[PDB]
Amino acid sequence: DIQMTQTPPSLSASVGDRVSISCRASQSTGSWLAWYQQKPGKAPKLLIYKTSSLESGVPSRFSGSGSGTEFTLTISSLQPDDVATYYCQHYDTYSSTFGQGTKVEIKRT
Amino acid sequence: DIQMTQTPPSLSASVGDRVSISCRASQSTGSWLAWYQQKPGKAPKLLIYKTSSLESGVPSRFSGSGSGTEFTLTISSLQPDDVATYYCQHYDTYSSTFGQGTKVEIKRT
Amino acid sequence: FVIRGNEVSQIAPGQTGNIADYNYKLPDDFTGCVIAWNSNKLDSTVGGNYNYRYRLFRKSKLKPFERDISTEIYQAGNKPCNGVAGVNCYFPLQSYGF
Amino acid sequence: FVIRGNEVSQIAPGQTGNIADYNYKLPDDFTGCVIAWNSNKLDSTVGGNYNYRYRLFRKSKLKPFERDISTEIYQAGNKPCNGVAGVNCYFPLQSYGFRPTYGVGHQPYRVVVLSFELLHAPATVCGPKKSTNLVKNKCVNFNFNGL
Amino acid sequence: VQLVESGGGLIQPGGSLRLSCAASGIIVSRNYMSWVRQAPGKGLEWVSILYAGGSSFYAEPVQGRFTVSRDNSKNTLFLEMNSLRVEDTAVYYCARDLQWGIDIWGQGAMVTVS
Amino acid sequence: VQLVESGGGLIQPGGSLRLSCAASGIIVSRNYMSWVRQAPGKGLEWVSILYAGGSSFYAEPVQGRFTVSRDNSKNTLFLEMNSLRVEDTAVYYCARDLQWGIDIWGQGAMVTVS
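Residue numbers (the numbering used here), protein chains in the order written: chain A, 1 to 109; chain B, 110 to 218; chain C, 219 to 316; chain D, 317 to 463; chain E, 464 to 577; chain F, 578 to 691.
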């Protein structure tokens, strides 16, 4: 079926840092990878469709990118509200799957 | 001073696609920002002034919005007339400050 | 007062223009009259009449009939110029030079 | 009822949330009062108070004062759960878990929605608990209960 | 019925911490025993559960890293966590679970990953 | 309205230039006019503005160097660049300024100082 990963498993950065995470798959998709954000106790919110165009309301700091097996999510600035779990979401007319997710938290001493 | 930054510097989209570009000033300008379209070898054409007023003659597909620090132009559907560079100018009775420029091209394989 | 001939069009209830919005505001419900006539021979001189000054920049949109008599140096940029004329720090008055 | 500290503000006309949306709806034109007082001793012990349960999800927003005491299985997926608690199936009942040293936002708060309802009926509940004395033999102003 | 949690502490990212939870007043082998971590400033996160029959269910974020177990002789809940991420730090609670859900919590165990 | 500029060429450092730009379709003594240079590889830089009243407003770097003027009889804007510098090289455009801003752009005169 579908088995795609995200990298790094654990991410930590300060306020204003740039974020570049990756979603990767074994084969080629071409047209159907999306980005979603989920916070503890909340439902997923669509962030990016087509891996390049921002969904309505998703900030300019947030930006998808990438091609091929890899998919590079570029948050132009990591704001505190961006601290959450980032999932690659895939569209298909049947069962589909949800990714492991990239869980970003606050970096501290 | 007052510097405005434009994103994305390298964007490939297709005719009909939206073009969402973001120009952000370091601090509040309130409403004195204008969106311009310039082609290489051509002078810029003012697309929108006061960041919300549709400039007389520029297509309504261009939807410029924003205030203070942040502003965003949204090309509802790209067209070949929209394949050009886009600038944001902080409005001032004197020299003022211009954007770095978001060059929008035709996406292709 | 005296203003440029085109600027007379800006003075109107709720209208637009730099003079109409930053030197004096006319509320859209204005009751009264505005009477403007040319007096070029009366006032303008060959050396230019520079006795008339007008504001071009103000922080806020003027209230109707509210006037700010003082002429403190306007600040628009990242840093305050504490009343000093300079880059992005100008005197709030300009001369017509008639 | 007894709810968390943070859900008291949800009990208000024109408000949303979890309790206001799926436990008890205060209409935008609610008439009366909402009174919340702490019962941390009266409810919460060290071992926990677990006779209180609160709903968190429902098919739609509860109608004003529409009560849903049913513990029915909720179906909002592709196939029903047929009573059992299976995949994509939650029991709509969860207990608060009150403790006596809880944070101010989670201590057991008694919230009482004193609602005043007026319909094509007499005012059979009133609050005229105000009486003077009865001093006599003077030209005075008197009102013997509407008289 | 009390749940005394211990072993929560500071651990480097990717490390392994072992949380113990003494249970008093009830036998956990006949009780659902869940690990619910509440992140500092966030809500409770029911990450792990072990039924009375020995079956265990784990949340996908902690699945493959967190294992829930019990010592019936010691009557002690046990959470074995490995390859810990920075996002696993929380006030964990070992908790009795029933048909109405969790019934008895603990005093709280502080687990920090940094 | 058409703004046709001339004088674009090469000039030695410290020299003097007089760029011209005829305005056709409107009276120059009835509108604001402006000089705006664009360096090769840079955005726009509005350098000066002459009002229809002869009130010349020069930018501080060009204050005391450049002279903006208009010939109403010839209906042509003129710019007398004086004490030229190396940075003064750009495509210089005469323009028409208004309440809304710069609406009429001149074809521009190249200016090289070297």
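The hints are simulated quantities; they were obtained by calculation from the structure and are not laboratory data. Hints are not guaranteed to be accurate.
[Said to hold, decoys possible] To give a feel for the contact side, a few chain C residues facing chain F, derived at Cβ under 8 angstroms: (1) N236; (2) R271; (3) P310; (4) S313; (5) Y314; (6) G315; (7) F316.
Cβ atoms here follow ideal geometry from the backbone N, Cα and C, with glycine treated the same way.
Hints, one by one, checked against the model:
{"no.": "1", "hint": "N236", "in the structure": "holds (7 angstroms)"}
{"no.": "2", "hint": "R271", "in the structure": "violated (12 angstroms)"}
{"no.": "3", "hint": "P310", "in the structure": "violated (15 angstroms)"}
{"no.": "4", "hint": "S313", "in the structure": "holds (7 angstroms)"}
{"no.": "5", "hint": "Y314", "in the structure": "holds (6 angstroms)"}
{"no.": "6", "hint": "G315", "in the structure": "holds (4 angstroms)"}
{"no.": "7", "hint": "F316", "in the structure": "holds (7 angstroms)"}
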